[PDB]
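Below, in structure tokens: the form deposited in one PDB entry, a single chain.
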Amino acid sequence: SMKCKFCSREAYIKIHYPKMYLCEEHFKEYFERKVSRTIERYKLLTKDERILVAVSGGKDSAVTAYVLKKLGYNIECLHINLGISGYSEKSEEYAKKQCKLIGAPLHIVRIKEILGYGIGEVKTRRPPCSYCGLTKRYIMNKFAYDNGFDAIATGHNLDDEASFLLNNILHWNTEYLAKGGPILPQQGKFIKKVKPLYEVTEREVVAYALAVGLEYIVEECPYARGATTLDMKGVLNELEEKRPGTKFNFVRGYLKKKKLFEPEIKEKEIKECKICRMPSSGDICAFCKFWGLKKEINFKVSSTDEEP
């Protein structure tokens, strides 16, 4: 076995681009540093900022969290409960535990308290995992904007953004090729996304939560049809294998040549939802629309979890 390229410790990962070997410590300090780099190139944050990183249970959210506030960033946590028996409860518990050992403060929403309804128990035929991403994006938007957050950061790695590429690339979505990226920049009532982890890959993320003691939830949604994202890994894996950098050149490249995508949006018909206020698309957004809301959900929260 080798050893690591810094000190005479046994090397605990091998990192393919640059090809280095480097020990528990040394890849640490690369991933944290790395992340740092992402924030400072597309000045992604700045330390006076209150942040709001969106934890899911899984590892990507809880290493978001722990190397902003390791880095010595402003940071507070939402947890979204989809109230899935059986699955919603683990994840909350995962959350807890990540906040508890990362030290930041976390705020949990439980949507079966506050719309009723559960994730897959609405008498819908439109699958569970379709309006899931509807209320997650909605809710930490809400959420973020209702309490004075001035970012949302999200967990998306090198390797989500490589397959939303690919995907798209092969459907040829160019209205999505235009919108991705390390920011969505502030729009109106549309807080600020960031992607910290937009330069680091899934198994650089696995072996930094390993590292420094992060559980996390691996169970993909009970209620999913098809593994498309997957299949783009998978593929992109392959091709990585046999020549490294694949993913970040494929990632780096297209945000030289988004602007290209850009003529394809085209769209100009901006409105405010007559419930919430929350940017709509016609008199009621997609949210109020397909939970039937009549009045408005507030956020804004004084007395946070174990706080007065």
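Numbering follows the first chain given and starts at 1. Just so we're on the same page, rigid core means the largest C-alpha set that superposes within 1.5 Å between forms. Compared with the form deposited in another entry:
- The residue among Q186, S85, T174, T124 whose Cα moves by 2 angstroms or more between the two forms, once the core is superposed, is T174.
- Once the cores line up, the CA of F261 ends up 2 angstroms or more apart between the two forms.
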Second form
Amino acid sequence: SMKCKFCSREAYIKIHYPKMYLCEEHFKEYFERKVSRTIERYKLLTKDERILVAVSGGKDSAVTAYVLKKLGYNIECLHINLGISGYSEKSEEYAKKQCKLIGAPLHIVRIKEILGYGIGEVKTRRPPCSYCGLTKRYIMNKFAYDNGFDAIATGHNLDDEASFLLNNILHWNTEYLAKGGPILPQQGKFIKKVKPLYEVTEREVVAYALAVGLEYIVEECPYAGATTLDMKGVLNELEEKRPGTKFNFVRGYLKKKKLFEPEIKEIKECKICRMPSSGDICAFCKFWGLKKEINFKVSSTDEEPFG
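Okay, that was the form deposited in one PDB entry. Show me the form deposited in another entry next.
Partners and other molecules omitted; one chain follows.
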């Protein structure tokens, strides 16, 4: 109970699969090997690829960027500052401190600077979270496309997958349920999106961040009581009662995911930015009322202006 399975050092955490108590260093190894297997299993990345990590200042993206760097991947990071007064400044400061420790270049996009408004400052009854998700997802893909990155890696973990799944099944969001899993392959101007933490729990992510010295922000905004926090608690209660519930729900989902494909509405190029649009002008451009394209091509980072 008190000691590590592979050494005489004090146990740091208890790992359920396989059953084992691991010290700080054997946990780090376990974790990294788990991420490494997820990459190979779903053929997520190759070491020749230039990977962009979307870093929010939260633990999930911090850990994603940290483990990919440790594994030997070619990674660069992107932080999207949402311009939320009293939130966005510390979020950026957190993301900078993380990328300095990781030793990865950090690119910053300030929404307030390019668009004029922060998330929650736009005159709309539309909840800040919906248009924020739209904004982040667009900036991530366009920054990556504009700078010739081959793949985007996000920090979503098993708990995020299972919670997103439960919410969407409860609202029967079958379109969202067709576009799921650890990899959204590269299609047109959509850059390949990957989730290397897909098979690791939020608990394991928290323990990794603390053991390697990563400091992160819990809340990215003051606009997040949403369903996901309720779903995670639900799934945790079901997981402590029936161990293997979360894994099975996601494993089962990946096998049946096919059934939701006919629900997909059959994707042209935007007339403003030339990015994937369902209509004449894409949702991002239509929302922000843009008549001009945003060029995310960078010659260098702010912390390394001469490289």
